[PDB]
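Novice: Next come the chains, spelled out residue by residue.
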Amino acid sequence: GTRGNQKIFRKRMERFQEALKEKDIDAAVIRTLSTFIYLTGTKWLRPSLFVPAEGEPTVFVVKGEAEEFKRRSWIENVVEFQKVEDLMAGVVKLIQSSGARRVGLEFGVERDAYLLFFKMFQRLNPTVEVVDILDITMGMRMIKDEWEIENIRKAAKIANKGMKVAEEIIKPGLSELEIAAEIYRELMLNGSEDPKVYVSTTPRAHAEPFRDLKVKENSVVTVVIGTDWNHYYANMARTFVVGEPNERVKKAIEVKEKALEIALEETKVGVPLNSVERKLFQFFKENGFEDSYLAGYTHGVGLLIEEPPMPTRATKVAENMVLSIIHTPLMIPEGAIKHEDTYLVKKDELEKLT
Amino acid sequence: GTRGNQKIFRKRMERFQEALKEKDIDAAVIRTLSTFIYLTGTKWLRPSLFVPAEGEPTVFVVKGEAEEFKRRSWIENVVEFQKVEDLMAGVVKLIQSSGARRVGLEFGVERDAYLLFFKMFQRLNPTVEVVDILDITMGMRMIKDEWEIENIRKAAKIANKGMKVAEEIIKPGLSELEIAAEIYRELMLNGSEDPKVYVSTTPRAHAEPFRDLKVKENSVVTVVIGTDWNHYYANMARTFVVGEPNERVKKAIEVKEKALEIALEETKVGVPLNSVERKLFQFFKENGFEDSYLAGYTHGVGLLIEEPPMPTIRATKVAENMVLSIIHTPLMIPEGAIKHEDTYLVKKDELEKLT
Ligand SMILES: [Co+2]
Ligand SMILES: [Co+2]
Ligand code: NA
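Protein sequence lines correspond, in order, to chains B and A. Numbered by the deposited numbering, the letters in the first sequence go through residues 0 to 311, 317 to 358 in order. Numbered by the deposited numbering, the letters in the second sequence go through residues 0 to 312, 317 to 358 in order.
Treat the hints loosely; a few may be bogus.
[As the list claims (entries may be wrong)] With a Cα cut of at most 20 angstroms, we get these calculated DMTMM-like pairs of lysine to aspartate or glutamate:
hint, chain 1, residue 1, chain 2, residue 2
1, B, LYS69, A, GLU66
2, B, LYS156, A, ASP211
3, A, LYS153, B, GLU177
4, A, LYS6, A, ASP25
5, B, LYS82, A, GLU305
[Claimed, not checked] Here are some of the chain B residues that sit facing chain A, going by a computed Cβ distance under 8 angstroms:
hint, residue
6, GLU64
7, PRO202
8, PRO208
9, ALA294
10, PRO307
11, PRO308
Everything labelled a hint here was simulated from the structure, so no lab data went into it. Every residue gets a Cβ at the ideal spot worked out from N, C-alpha and C, and that includes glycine.
So that you can see chain B by itself, here it is in the shape it has in the complex:
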């Protein structure tokens, strides 16, 4: 989307460079897309950002992309390459020019924090010591500023349009993939550039849709939507009842509703998440759903659908965080019962955004 004043992204770079100097980091190689967006202000495929502790950062893009990138970003130092060897050779030159011996790398769970590029980084920089900086980059992103919240608020409205389309089209006989295709179209036509949609007619925790799984009469359909505005996501999930469900499903839905009321009021500023996770586990145990419980009731939301604090020294709920509750489904043979929303953690209160 590129929207947003350039002043917010430059001060992030300054504060991030300060954080690198606090941990004796000479330079940082940012290869994750979300942090690349956080520091450069724009999404660019194959994200390659070199951040020295002292000096100006440099972005590496493909030949012919320098001008297009400069229109969307405040960064002026842009180097163009035609082969991936020139990419890596350009990075080792900025490392050896800056005399950087300790370089920070994000050990994250997104592109391009892949093992191949990590093994390639160590061999072409055989002398360098790598340091994990995921705690640094996310430690800033856990607490959102006012502009980031406005992006999430608009994404929450986009998610409501996609969930409205879902509620209107879910009929017996339609496949998970056919339903998801209509949700995707609604999200993308409203400005979302990288949405993800789950549709489950069977109990699946990460239920990317299948073509041959159709909705049945007297069943339930669970829709999970993660949609973005200005690259900031908002998450909401609903379990739709089709016809008349059986007594196990109606019980599962009722227990989940009470579990949501517990997690919402118990998630306040200052309490750790594991303090809430302990109460949800015991609650499902008393109601005979111990074998259906899952750990990880919430997670951070921002430039990623799932970002720290995530379960996959106990971090406590802090102001201006964005959390998804409840993230974990109740797994019964009829489906994964979910009811998830995006909440803004305010001064000892949770504002529902979706």
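With chain B held as given, fit chain A with the ligands onto it using these hints.
Specialist: Frame of chain B, contents of chain A with the ligands only:
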């Protein structure tokens, strides 16, 4: 509709176990989705497959998912976990139960081959030595069987339907995201479960669509489609002329056409990819497009949109029954990334265009 004969996945697992024993690898942890599908026969999110060199493999899934996975896969040993700690505790138990000293990990470029899971693996398994097995897993997938080719042929037909929608809606004033939304929907309505669509009105090599980039009059729009059937992909890319292009665009498209004639004729059984890549590099240079050239004219396609053999990333030679995308690399001019890509089946002495 058949997700694949289960005998095909059982013989793949056995052959993969044999490769582990040939290289003195005690066990392999498969965390990449494409290899998980290749060996288990089904797509399951958060792929977690433990393959011992001798014995039966084990799949880890979420509690309540065991019965569905066993219906979709030939694998019988499925372990359920409720917290991520138990998942890791289950992996380290299978390693010491098997007495494994060297464990293979795929150092790939797809989920879930992420740095975090590697940092966690050596941390929770400090005694184990990790070895790269990406050359092993890809080496099997490089040569397709008859069933794999049948899936790619069907996905190529699906790719044609999405490109037909693209040509019919591309008008000045439409955004890249709006065009991509109609392409994505059409691909999914034909059975594709994880398609990817690039739409570029500006020169971008990996052009995921933006909401605020609109189609211009007297411009060009490049559409790249990677769409799947039974998880096997087919790739096709077209550069559409909108209105009246300038002489730079007319030359770029014409030079791209001549470059395609070289890549097709020079891609024969037995020749290395860099032997063809060198002829395209010089070709763009003579026509004044050296700053518009990109390395990597082709790549394999299958359970991944881009998979080995690639020349820009082993000196692999072209062999029969491979599937390649030609030409993958665009010509980068300020008006756009000029692309013409199709999916070809490498035959004895001919390339059959599937898209
Ligand atoms: Co969630
Ligand atoms: Co390609
Ligand atoms: Na089975």
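Novice: Give me the numbers of the hints this structure contradicts, sorted from smallest to largest.
Specialist: Failing hints, ascending: 1, 4, 10 and 11.
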